[PDB]
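Chain by chain, the residues:
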Amino acid sequence: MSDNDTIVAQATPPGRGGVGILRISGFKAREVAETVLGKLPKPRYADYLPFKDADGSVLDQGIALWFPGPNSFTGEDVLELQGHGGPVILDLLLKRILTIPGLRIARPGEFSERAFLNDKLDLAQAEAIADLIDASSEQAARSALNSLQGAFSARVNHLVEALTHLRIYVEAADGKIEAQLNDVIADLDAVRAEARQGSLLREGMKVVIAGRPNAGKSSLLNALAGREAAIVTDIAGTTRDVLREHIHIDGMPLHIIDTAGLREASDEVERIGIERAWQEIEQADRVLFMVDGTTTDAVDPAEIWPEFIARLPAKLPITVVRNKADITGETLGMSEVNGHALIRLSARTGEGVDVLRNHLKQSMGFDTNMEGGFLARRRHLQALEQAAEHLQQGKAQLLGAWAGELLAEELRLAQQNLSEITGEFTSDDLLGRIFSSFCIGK
Amino acid sequence: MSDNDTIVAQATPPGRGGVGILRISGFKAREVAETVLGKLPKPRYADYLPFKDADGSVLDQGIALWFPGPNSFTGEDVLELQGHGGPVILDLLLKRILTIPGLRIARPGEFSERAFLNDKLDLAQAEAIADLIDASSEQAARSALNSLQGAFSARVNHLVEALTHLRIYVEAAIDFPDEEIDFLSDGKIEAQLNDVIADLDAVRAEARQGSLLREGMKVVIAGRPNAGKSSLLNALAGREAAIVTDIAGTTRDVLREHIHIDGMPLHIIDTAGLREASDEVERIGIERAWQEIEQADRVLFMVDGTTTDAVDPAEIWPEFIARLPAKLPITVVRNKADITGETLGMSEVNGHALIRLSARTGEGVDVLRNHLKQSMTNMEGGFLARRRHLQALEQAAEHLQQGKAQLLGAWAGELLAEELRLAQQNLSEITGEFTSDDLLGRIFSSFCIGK
Ligand SMILES: Nc1nc2c(ncn2[C@@H]2O[C@H](COP(=O)(O)OP(=O)(O)NP(=O)(O)O)[C@@H](O)[C@H]2O)c(=O)[nH]1
Ligand SMILES: Nc1nc2c(ncn2[C@@H]2O[C@H](COP(=O)(O)OP(=O)(O)NP(=O)(O)O)[C@@H](O)[C@H]2O)c(=O)[nH]1
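Protein chains in written order, with the entry's author numbering: chain F, 1 to 173, 186 to 454; chain E, 1 to 376, 380 to 454.
Do not take every clue at face value.
Below are the BS3-like pairs computed for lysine-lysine, each with C-alpha atoms no more than 27 Å apart in a straight line [said to hold, decoys possible]:
| id | chain 1 | residue 1 | chain 2 | residue 2 |
| --- | --- | --- | --- | --- |
| 1 | F | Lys39 | F | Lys52 |
| 2 | F | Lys52 | F | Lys95 |
| 3 | F | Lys42 | E | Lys39 |
| 4 | F | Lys95 | F | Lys42 |
| 5 | E | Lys95 | E | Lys52 |
| 6 | E | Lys95 | F | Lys120 |
| 7 | E | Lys42 | E | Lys218 |
| 8 | F | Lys218 | F | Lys42 |
| 9 | E | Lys42 | E | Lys52 |
| 10 | F | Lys52 | F | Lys42 |
| 11 | E | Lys95 | F | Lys42 |
| 12 | F | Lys52 | E | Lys39 |
| 13 | E | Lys120 | E | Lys188 |
| 14 | E | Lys218 | E | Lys373 |
| 15 | F | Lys218 | F | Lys39 |
| 16 | E | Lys42 | F | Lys42 |
| 17 | E | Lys42 | F | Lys95 |
| 18 | E | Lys120 | F | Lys39 |
| 19 | E | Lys42 | E | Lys120 |
| 20 | E | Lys52 | E | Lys39 |
| 21 | F | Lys188 | F | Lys407 |
| 22 | E | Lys95 | E | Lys39 |
| 23 | E | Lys188 | E | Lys407 |
| 24 | F | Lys39 | F | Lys95 |
| 25 | F | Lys39 | E | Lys42 |
| 26 | E | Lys52 | F | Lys120 |
| 27 | F | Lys327 | F | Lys407 |
Bear in mind the hints are in silico, worked out from the structure with no lab data behind them.
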């Protein structure tokens with residue numbers, strides 16, 4: 001919002017606790033400090049003093065900190081008033097603070113917003129502030145913090161400076189220059205691949221368990237979860253609603269999706285559930301097939317049920333799992349039929365769940381070989397796509413038409429797209445939309 | 001566990017926030033100060049420095065305040081660390097802190113005790129302190145029942161039982177070496193020890209895979225079939241979750257969704273409409289929903305406006321009110337107001353919320369959201388609760404290791420019994436208390452010692 005307008009916001013999560021901290025920043029911070037305290041303590045001093053109400057009655061007691069700019073989180077004069085984790089007194093204090101003219105509850109991201117407006121840090125580091133306050137896995141949290149340290153900004157600045165030097169080479173105008193044009197491409201491709209591996213643990217992937225009713229997909233999902241996830245019984249059509257479960261096999265996220273058994277039933281609800289499952293199959297990154305071993309010995313996908321193979325689009329990895337393999341006595345392990353993985357295991361007994369977990373871990377591109385790395389965003393991937401497209405078009409134009417002006421224009425556009433994440437060229441609308449998603453008071 | 005113990009705890013409430021506070025009070029305070037920050041900043045100064053680990057990496061960056069006694073909250077060596085309100089990062093930092101020898105996690109409202117008995121806090125509010133401790137302790141006890149609630153609370157049992165059995169066969173032939181019990185005193189004892197160790201790893205590997213905790217406060221929406229439960233859940237979630245139809249008992253399996261409200265997390269629970277079940281699936285789903293109801297935290301009972309104008313929850317369906325736990329807060333959602341036309345808003349009936357809303361269109365949703373946030380949830384939500392279990396089980400494996408190492412030397416059973424007793428004492432913090440008299444009773448019931 002308005003930079004000149006002083007703002008106040010609650011920092012600590014709502015509820016009750018030992019300390020409820022209020023953060024105020026703006027040009028009215030000193031006047032509000034006098035109004036609520038009647039004095040200005042030494043900056044960066046943990047002073048124990050009471051809080052003063054408008055009528056003069058003691059509002060509360062705590063720790064008051066005064067941080068004159070620019071040696072603060074935002075660079076302006078910021079008052080950090082820590083009291084107690086009492087929401088009622090916090091409400092009264094916030095009302096008193098808002099009473100004074102010139103104060104207003106800043107919109108979410110304003111604390112990051114203004115700090116970004118003063119060029120404290122890279123723009124994408126602002127989003128890096130998020131994705132860490134609310135994570136899902138320990139590995140994801142560590143990667144988000146490492147990114148918050150600011151390595152991605154280093155890589156982006158190096159790439160942009162190399163692109164600027166190449167653009168200069170154009171303006172000023186060897187083979188080594190082409191070798192550099194290609195090795196910068198190689199390093200950018202490697203960093204983009206690592207980023208693709210990044211943000212992969214922000215959601216992991218989607219795996220669809222597909223099979224007929226009276227199969228045990230509900231049971232397999234239940235065993236993977238390790239709790240009582242769903243209802244298991246011999247009644248046909250055991251599950252109708254789409255079931256989603258977020259789990260981590262080993263330091264990695266993933267969403268396992270259950271579905272109703274594929275059969276034609278007069279039930280409208282069952283038909284809707286089948287429709288939902290067929291909708292979700294395409295979105296999923298991977299699909300597994302569960303078929304009873306006793307029902308049919310066929311392992312090729314066509315024999316089991318020729319309809320599903322035809323219906324499912326190609327280019328999607330698929331695996332077949334032989335549930336109830338204990339009754340059949342089949343050797344438990346990993347095999348391949350028609351080029352697709354085939355596992356055997358029994359849900360109720362739990363045998364073969366470990367091999368299923370190992371297959372899920374290994375099949376998806378990931379491993380513990382590389383640590384630290386980086387966590388990226390969809391917008392980052394789109395910007396990388398556009399930059400790579402521009403670079404490829406520029407190189408093709410050079411090779412074929414030898415158009416120096418066209419190559420220079422393509423290189424400049426690619427550099428601008430790459431710097432879009434840095435925010436030098438990004439418009440204010442994108443910054444505002446990104447900052448709005450942040451929680452209030454951040 | 002003297003009053004001089006240095007304790008580490010979290011001050012900020014659980015959930016999402018921009019700042020997290022960890023406070024340590026005790027003799028080892030300075031030790032922790034040097035262990036985490038690798039130095040001691042200026043006292044009562046807003047120093048700035050990131051948090052480092054043993055490997056040398058950074059776990060968080062924030063503000064550290066060091067307050068030597070007696071001018072502090074508890075009048076002792078107090079350390080305050082402020083960083084980012086991330087549950088995962090907070091858990092990592094707490095795990096880093098706890099590894100130091102002689103440290104332990106604080107009990108419910110221990111800092112109130114420390115700051116009260118040191119005369120650093122006023123004396124008038126004795127009753128207020130008496131309640132502030134009890135409420136936190138009760139909430140902590142209520143938690144940790146979700147920590148040990150799945151397959152994870154299936155190996156530890158095994159473990160403990162195995163240990164008990166071993167102890168029964170190791171202590172007995174130290175107290176009754178005059179009966180005919182054919183004790184296993186031969187070397188095979190160590191063999192029976194090995195499996196116990198091999199069992200513990202399994203437990204330590206059980207919680208490393210599965211669900212993802214998903215801290216928050218539980219809310220349940222329930223009523224009779226076709227009462228708007230699906231519509232209410234879909235509206236609250238903001239995305240389609242369950243099918244919406246007029247068929248009785250459309251949904252048969254419980255559904256769980258997660259939603260944040262201005263930094264306060266909440267978990268919406270959908271269950272099949274309550275009624276008499278003529279099907280195995282329906283009856284089992286009704287039982288599951290009923291069982292989930294008791295463990296819930298907040299409950300919104302469906303009251304269809306079309307069905308009747310009754311407002312009192314007891315009159316609408318007294319049996320559910322009677323079956324409900326007394327402490328369980330209850331709210332009343334008069335569904336289908338848009339058709340009935342009853343004015344939207346917030347009201348009170350016999351002290352319980354009564355809210356008429358239009359679920360089919362979204363009328364009155366903001367009122368329910370306002371009531372939900374205004375309702376409150381102290382601490383001990385999830386991660387910390389399971390940290391206690393992962394710590395108690397942690398400081399038993401080393402005792403078993405050191406006890407087993409003894410057997411390699413002269414076979415002295417007294418030291419083995421001491422180590423096993425210490426290990427079982429540590430394990431008792433998870434399941435329950437196992438006094439010596441219980442071991443004696445099991446020995447009596449297992450053998451024909453008699454007299
Ligand atoms: N012993 C054993 N039991 C199994 C095996 N596969 C499935 N079951 C049993 O199948 C029973 C019925 O579960 P059910 O509700 O049909 O699961 P479902 O997944 O809903 N069936 P469907 O996959 O067709 O949807 C469970 O109690 C489970 O123990 C197996 O390999 N071994
Ligand atoms: N006219 C009207 N209908 C409503 C309103 N709120 C909910 N409903 C109806 O309530 C019905 C509830 O049935 P359904 O969607 O199956 O969900 P449910 O309430 O969980 N029923 P069940 O327990 O049988 O699964 C919905 O189909 C919806 O049309 C409302 O405000 N007005």
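Hint-by-hint comparison with the structure:
1. F:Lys39 - F:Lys52: holds, 10 Å
2. F:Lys52 - F:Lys95: Roughly 13 Å separates the two Cα atoms, so the pair holds.
3. F:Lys42 - E:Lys39: Since the Cα atoms of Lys42 (chain F) and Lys39 (chain E) sit roughly 24 Å apart, the hinted pair holds (cutoff 27 Å).
4. F:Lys95 - F:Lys42: holds, 26 Å
5. E:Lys95 - E:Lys52: holds, 13 Å
6. E:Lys95 - F:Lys120: violated, 32 Å
7. E:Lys42 - E:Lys218: With Cα atoms ~43 Å apart, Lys42 (chain E) and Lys218 (chain E) exceed 27 Å; violated.
8. F:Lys218 - F:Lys42: violated, 55 Å
9. E:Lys42 - E:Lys52: holds, 19 Å
10. F:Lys52 - F:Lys42: Given pair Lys52 (chain F), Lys42 (chain F) holds - Cα atoms ~18 Å apart, limit 27 Å.
11. E:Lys95 - F:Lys42: Distance of about 35 Å is beyond 27 Å: violated.
12. F:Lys52 - E:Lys39: violated, 36 Å
13. E:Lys120 - E:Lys188: Between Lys120 (chain E) and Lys188 (chain E) the Cα gap is close to 58 Å, so the pair fails against 27 Å, i.e. violated.
14. E:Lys218 - E:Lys373: Distance of about 13 Å is within 27 Å: holds.
15. F:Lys218 - F:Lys39: violated, 58 Å
16. E:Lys42 - F:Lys42: holds, 14 Å
17. E:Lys42 - F:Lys95: violated, 35 Å
18. E:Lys120 - F:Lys39: holds, 25 Å
19. E:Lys42 - E:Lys120: Satisfied, since the Cα-Cα distance of roughly 22 Å is no more than 27 Å.
20. E:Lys52 - E:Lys39: Since the Cα atoms of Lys52 (chain E) and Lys39 (chain E) sit roughly 11 Å apart, the hinted pair holds (cutoff 27 Å).
21. F:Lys188 - F:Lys407: holds, 15 Å
22. E:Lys95 - E:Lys39: holds, 20 Å
23. E:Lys188 - E:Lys407: Holds. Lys188 (chain E) to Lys407 (chain E) sits at ~13 Å (cutoff 27 Å).
24. F:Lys39 - F:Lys95: Cα-Cα ~20 Å, so holds.
25. F:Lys39 - E:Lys42: holds, 23 Å
26. E:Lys52 - F:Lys120: Satisfied, since the Cα-Cα distance of roughly 23 Å is no more than 27 Å.
27. F:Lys327 - F:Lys407: Status violated; Cα separation ~30 Å.
Taken one by one, the earlier hints fail for this structure at numbers 6, 7, 8, 11, 12, 13, 15, 17 and 27, listed in ascending order.
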